[PDB]
Every structure is written in structure tokens, then in C-alpha cells.
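Could you put together the complete structure from these sequences and hints?
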Amino acid sequence: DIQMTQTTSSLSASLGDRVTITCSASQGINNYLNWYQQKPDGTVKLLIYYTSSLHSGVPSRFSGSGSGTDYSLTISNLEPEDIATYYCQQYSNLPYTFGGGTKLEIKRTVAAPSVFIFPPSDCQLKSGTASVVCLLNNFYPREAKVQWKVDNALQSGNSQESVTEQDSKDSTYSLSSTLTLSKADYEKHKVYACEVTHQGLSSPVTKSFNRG
Amino acid sequence: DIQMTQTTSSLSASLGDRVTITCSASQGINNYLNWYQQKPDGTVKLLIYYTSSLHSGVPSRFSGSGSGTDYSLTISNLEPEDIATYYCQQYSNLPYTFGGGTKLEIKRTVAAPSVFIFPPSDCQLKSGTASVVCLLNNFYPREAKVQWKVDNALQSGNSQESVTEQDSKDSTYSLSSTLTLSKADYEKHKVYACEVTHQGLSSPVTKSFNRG
Amino acid sequence: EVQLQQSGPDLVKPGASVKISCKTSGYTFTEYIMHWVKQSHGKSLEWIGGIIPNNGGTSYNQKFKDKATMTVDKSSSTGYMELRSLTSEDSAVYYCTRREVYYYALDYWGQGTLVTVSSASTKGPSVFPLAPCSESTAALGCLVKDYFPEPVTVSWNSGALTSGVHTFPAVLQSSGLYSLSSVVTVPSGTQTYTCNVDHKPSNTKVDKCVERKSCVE
Amino acid sequence: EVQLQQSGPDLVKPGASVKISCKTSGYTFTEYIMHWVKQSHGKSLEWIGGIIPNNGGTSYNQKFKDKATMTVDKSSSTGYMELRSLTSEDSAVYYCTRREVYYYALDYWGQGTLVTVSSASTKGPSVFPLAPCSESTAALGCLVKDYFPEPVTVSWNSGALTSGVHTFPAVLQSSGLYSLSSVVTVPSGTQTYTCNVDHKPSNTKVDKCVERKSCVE
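Residue numbers (PDB author numbering), protein chains in the order written: chain B, 1 to 212; chain B', 1 to 212; chain A, 1 to 102, 106 to 137, 142 to 195, 199 to 227; chain A', 1 to 102, 106 to 137, 142 to 195, 199 to 227. A prime marks a further copy of an entry chain.
Among the hints, a few may not be true.
Claimed, not checked - What the simulated footprint calls covered on chain A by chain B, stretch by stretch (three residues with Cβ under 8 Å from a Cβ of chain B suffice, anywhere in the stretch; the number is not a length):
(1) 83-92
(2) 144-152
As the list claims (entries may be wrong) - Residues from chain A shown here face chain A' by an in silico Cβ test under 8 Å; the list is partial:
(3) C136
(4) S137
(5) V193
(6) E227
Claimed, not checked - Not the full set, but computed from the structure, chain A' residues with beta-carbon under 10 Å of chain B:
(7) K13
(8) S17
(9) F29
(10) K43
(11) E100
(12) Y102
(13) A108
(14) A146
(15) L147
(16) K152
(17) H173
(18) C225
What the hints contain is simulated information worked out from the structure, not anything from laboratory work. From the three backbone atoms N, C-alpha and C, an ideal C-beta is built for every residue, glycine too.
Laid out in C-alpha cells, this is it:
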């Protein structure tokens, strides 16, 4: 069956720049190509059909180009709402086939995280587990470091993290680290802190609480 | 039908004292009388049967007395566990009839209330009503005064109270006053206080909180 | 050994009918006579009737000859008593009792069954925490409000905590709905405090943790 | 106008079968062709098949000739697609789509249906508040943990609050249960903050108020 190849599966670009996502068929598909945009929530819109043709709604900074085995979608002016994975599809032959996706990041000016720490609920201590949560909010770029200290003793291999998709209004991330202790362990210690390193912080930031 | 009359329906007595609850039939019932004890929770035990006879379990500070139309239950040494409403019943004739009850208080040494005030939950403000609660704990005697001030302005006709049965270990009361405002009204004011007058307080006690 | 466990509360239609349950254990059932007692909110105790289980025979108080009707299933060790065309005057607690003969007396009582009679439909309660702001005695509770009819159970830690607890009598409000407070005093590891409300007439059970916010920045 | 609303998530037995629903509105149904698309967690998009509603005829991708089976009820404006003998390879999101002809393309997509395939039984989540201790920017959230399988919805004030919210991707734990965080930033009257969790695969809905304790003695 006709393979659709998008060799570059992750591309990042500046608000403003022209961007070009690329699609290659194994053989000629006669401009029988469509381009799909998939937002982080998972919703899938249809941008361009028959190579060059814009589905109503789509702004005219989207352009379809190409022929034969080679097709491009280009976004001329780049804006935050354009954060998505873009896919190509051919209807030249059955089965219908899709490119493996190009995930597009937006590059914007550095912005440090706001940091919040949240202690476990009393309702949680009943479980026998405690969960301390640290929140890094609206930062760019995505690269960030989070260290858990307990009573000023650095923790290891007892934390899990999670990071949002980039926001489609201000092009930032947010991040959620979760330290997990036993009730026993959580109530052997007074101080709980997360310390954050990020490009936009001239020096690290520690947020703490003091149990009891 | 045979009426059973206990003329005194509320009697209070000191830890230690002898107490005598009294029961009168409309006509001779031939020592066919039983005495029942009803605890505040509502449970109903059987103390004495055929005038003078103790149901197993009942301690021997309970005594049954009398004949004809006149019968007495006496508690010789009085203790806190004896807080109850005691009832007489006759099985002389059908229908079986019961005295209208004697509620017995215990008199003990004066003890002031501990006072706590509790502001409304945020979960409650959604309702459109706010409930501030004041708690007077483990006091004797039952007589007490609770005034709600809001921003040092004395409230009226917007509070309801409730008082426990006397405890059967330490012979005290506790009391729950509830001021009720609209969300609108509760968030027009900073200070909320209840002030308590009781015999055991040389001067009044105010507990306060400061919204925001 | 000996128990008499009664059907849970009842809200009832002014005109309806209701069969209360009294499930007995710890004695051979037919070897004892079962009586039912009424208690109106003024807390007077009236005798309603009697039933001999072995046989099924009865002797009703003539006050209730029309209203009540008693029966037994020998098998399930269980007696019942059915109020007909209920008015508001039927709104009461209803004990089931056993007769002992030494002579006669009622030596084992049910816990009772609250019956209410009203058009007003059921409403289960909202439950809110009560937690202070700022001694080795702190207080928490939780606030059970706007429910109907009258009976709610309140527990702490599923029965674990009995010392320190005071569940207050309810207050009827201008709304026509009741409202209750339950509070605990404590010594000052951080044990949790969970208040378990059960309002059977709406099948409403709630478990609310009451959070004491001790931590500081 | 035009919508395609899909059957909620599914946990499924490794060996079972499942019929997904696609309820269509805003067009005359039989005047458009319906295709189904698979998306595995690597986020590749495969075409599964097509159905003509007017007729009932089909054209399956031969990848899924054994697995999938599509049908329509003209009446309820609703197509379906049934996976047979599910393995773990069936664990995916499944979109339903409409074909437009201008030529061809898929101009309206469902939101998708997550299918999971596992022996592991359902577990709905515990939901705990996240509230700080001590700017015109404060944060709350709530913590949705130890649930299975993967999809939970999280809302704030029943949809009212969208600005400030970040619901984080879940993390699988050593337990084999997932766990999620949802947080809101706010400006600093005291509006409440209520997080509405819906875990459809266990019919678990929870509304947890997150209490900010501002008051002082």
C-alpha cells in the first residue's frame, strides 16, 4: 500500500516565521493529498484538500503545495494557535494512508515558572500514602529541573513528573512534580521543599512548607 | 382505662443524694407495676418488675416500693449514668398503661464552657447561605447566654441554638449556636464573634475570627 | 445474645400505609410474646398491641384497633406491624418489645423506628466541614443541614472515635428542613477526622474529611 | 450544526468484543459516507474502513478485515463499529469521520473513543484537594489518583472556569494505576473552587470543593 512519509516528526519555529511541513508518498498520488491538523486535546480538523485547497475557516496563512510524490504544507505567518500535529493523507488508492505526523513547537521569549508547593490533604493520610505536589506554571522553554528536598536532604527516585502540551494562547508550558511518601515517612519530617532551575531564573527558586 | 400519673415530670438531684420518683394509678393495681429507664439516645431498659423486683444487671441502689395506687422508684446513691427518663407501667388491666415520665437531672459542681467558633466552608458559600457556628463545650449548669456580634454590631433573630442531653459520665452539657447569613451579608463584614456568659465565667468570653 | 432489630426510619404519605419490621435473635421466638409501643414527640409511651408468634393470635389496644395490624413470619424470626391511613398523629417512634414472665414485663426493647407523615418530599442533606482558624484541646465538627425527615446518623472514623463527640439535636428551620451539628474535641501523628453521615430516608451517605491546616510557609 | 458524538471510553477484556457508537446530526446522514480511523498511543493514524449509510455497503482496510465490523441505523442517525477478539493492539482512540466531496476528504471528525484492553479490573479514583499554606496569583488544584483505565475528565465550576486551568497528563505508577493533577491560578467576593472529576469507566463522578482558609483568630 502507498506509504506516506513525513521524515521530520518534530519541528519548532518562532512566532512570525514561515514553516514548512513535508510529506512524501512511495509513488505518485496525483495531487490526491489532504492535510490534517490535530490539536493537543486530540481533536482533528481538516485544513487542506486536493493538495492546494483550503477548507473554509482555515486562514490564508496556510498554503498547500506540490505534486507527484512530494507535498508540503506551509504556514507563512506563525501564531500560537498553530500548535498541533499536522498529518498528510492520500485518497489516491485504497487503503487510505496517513503520514506519521509532524509535531510543531512555537519558539517564544524566555519566561520563568511561577512555583507553588501543595502539602498532602489529611484525607490522604488515611490512605497510608502522602503526596506532596510542586507546580511550575507558564514557563518557556520546556527544559526545567525540579529537586525535592526533605529536611534539607535531597530526594531521589521517589518523584514523578508530568508536563502539559504548550498553551495555544501564550506558547508556554506548565509542569507537575509529585513526591510520594508513606504516611510514616511524611510524618517523620518537618520541611518539604521543591527547588526549580530554569533558564529564566538567574538563581534557583525554592518553595517550602513546614509540617505541623 | 387505668391512668398512671407521675406528677413530677422533671427532678434534679446531686451526685450522692437519694432520689424518689413517684407513680400513681387511678385505682388499685395490686403491685402489678414495672419501672422503665429511658436513656437520651432513646434506648429503653427495664429496671424493676412486680413493684419490688430488680431485673438482673440493675445495681442495688435501685429499689422498688409501694402497693395499691401508689408506687415509688428510689435511687439511693446517685451517679451520672442514672441520667434518664424513668417510666412506670401497669399490667394489672389491659390496655397496659404507662406513667407520663419523670426526667431526672444530675446536679454537679459548676464548670464553665470551652468556646470555639467555626467560620463557614467555601463549599457552603456556593449555596448562597453562610453558617457561622459557635460551640460551648462541657459546661454546667445548662443556663448560658450566647451573643453574636458582626463587626462589633450585636445580632438579633438570625441565630438558632441547640443543647445536648446531659453527659452520663461527667454530667455536663454542650451547646451549638448557629448564626445564618446570606453569602452577600457574610461577605460584607470582617469580624465575627460569639460572646458567652455563664455562671462559671467571672467575666464574658469572646471567640472571634477575621474573614479574609 | 438477645436482639430486636427494627426497620429503618420512614417518611410516609398522609394517607399511606407502612409495615415496620422487628427481626429477633437470641431466643426461640415462639416462646415469647411480642408487643409494640408508640412514643409521640412529647415522649409519652402508649401500648399498641400484642402478638403470640407460636400461634399468630393478637390483642390490640382499642386506641389503634383500626390503625395498626401485627403479624409474624415464624421462619425469619420477624414480627411486623402495619399502620393504615396514616395521619400526622402517627408520626412517632415505634418500639417492638418482648414479654418475659418471671410476672409480666417487657425485658427487651427494639431501638425504635421513627415514622414521619407528610406530603413534603424527601431531601437528603448537604454536609460541610467545621474547622477553626488560629490549647491541648482543639475542636472540629461538620454541619449537616437542609434535610428531611428528622433522622440522621453521624459517626466519626466509622465508629472508631466516641470520646470527645457531641452530635447536637436538630433544629427545624423556616425552610421546613432540619439542620444538625456534630463536633469533636481532641488532644492536639496527625490522625484524620472523618464524619460519616447516614440519612437513610434519602439513601444519602457522606464521608467528609475535616482538614486541619497546620502547615505554614 | 454538524456533529459526531461518540460512545464514551471502554475498558475491555483481552478476548472480548465492543461496539462503538457514532451519533450524527446536522446533515441528512445517508448523503455522506462514514469512515473510521484508529490512533495508537504512538499517534499514528490508520484508516479502518468505510460505510455508505443509504445502502449499508462497506469497504474495510484489510488490516482490520477480521477485527472491525461497521453498521448503521438510518433512523437514529448513528453508525457503529465492532472490534472482535481484542488483543492489547486494539488499545487505541477511535475516531468516526464523514467524507465530503468537493474531491474527497474527511471534513468532520468525532472527538474519539479510547479503548483499553486488559484483564485488570476497573478502579475509579480518589480525589484530594490541593491547597497551599501561607501575590495576586494564588494556585489551587486537586489530585486525581489511583484510577484505571486512562480517561478522566476534569472540570472547574461545572465548566464555568477555563482561564488559569492546567490538567496534567496522567502518570502510570508502579501500582499499575494512573494519577493526575489539575490546578488553577486565580487573581486573589470569595468565589469557591470546585473540581468536577468524571471517570466514566467506573461511573465515578466527584465534585470536590477546594477550601482556601483565609480567616485568622
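Hints and how they fare:
Interface restraint, the stretch 83-92 of chain A with chain B: violated (0 residues with C-beta to C-beta distance below 8 Å; minimum three). Check on the stretch 144-152 of chain A: 0 of its residues sit with their Cβ under 8 Å from a Cβ of chain B, so the three-residue criterion for coverage is violated. Among the interface hints, the one on A/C136 holds; its C-beta lies about 5 Å from the nearest C-beta in chain A', closer than the 8 Å criterion. A hinted interface residue such as A/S137 counts as satisfied when its beta carbon comes closer than 8 Å to some beta carbon of chain A'; here the least separation is about 4 Å, so the hint holds.
Of the supplied interface hints, the one on A/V193 is violated, with its beta-carbon coming no nearer than about 18 Å to a beta-carbon of chain A', more than 8 Å. The beta carbon of A/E227 is positioned within 8 Å of a beta carbon in chain A' (closest approach about 4 Å), and the interface hint is therefore held. A cut of 10 Å between beta carbons decides the hint on A'/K13: the least distance to chain B is about 25 Å, and the hint is violated. Interface restraint check for A'/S17: the shortest CB-CB distance to chain B comes to about 23 Å, outside 10 Å, so the restraint is violated.
Given the 10 Å rule on beta carbons, the hint for A'/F29 is violated: about 19 Å separates it from the nearest Cβ of chain B. With a cut of 10 Å, the hint placing A'/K43 at the interface with chain B holds, because the nearest CB-to-CB distance is about 6 Å. Of the supplied interface hints, the one on A'/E100 holds, with its beta-carbon coming within about 8 Å of a beta-carbon of chain B, less than 10 Å. Among the interface hints, the one on A'/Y102 holds; its C-beta lies about 6 Å from the nearest C-beta in chain B, closer than the 10 Å criterion.
Of the supplied interface hints, the one on A'/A108 holds, with its beta-carbon coming within about 4 Å of a beta-carbon of chain B, less than 10 Å. The restraint placing A'/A146 at the interface with chain B holds, with a minimum CB-CB distance near 4 Å, inside the 10 Å limit. Contact between A'/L147 and chain B, as hinted, is supported at the beta carbon level, the nearest pair being about 8 Å apart and thus within 10 Å. Taking 10 Å as the C-beta cut-off, the interface hint given for A'/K152 holds, the closest approach to chain B being about 7 Å.
With 10 Å as the threshold, the beta carbon of A'/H173 comes within range of chain B, its nearest partner Cβ sitting at about 5 Å, so the hint holds. For the restraint placing A'/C225 at the interface with chain B, the shortest Cβ-Cβ distance is roughly 18 Å, beyond the 10 Å limit, so the hint is violated.
Hints 1, 2, 5, 7, 8, 9, 18, counting from the list given before, are not met by this structure.
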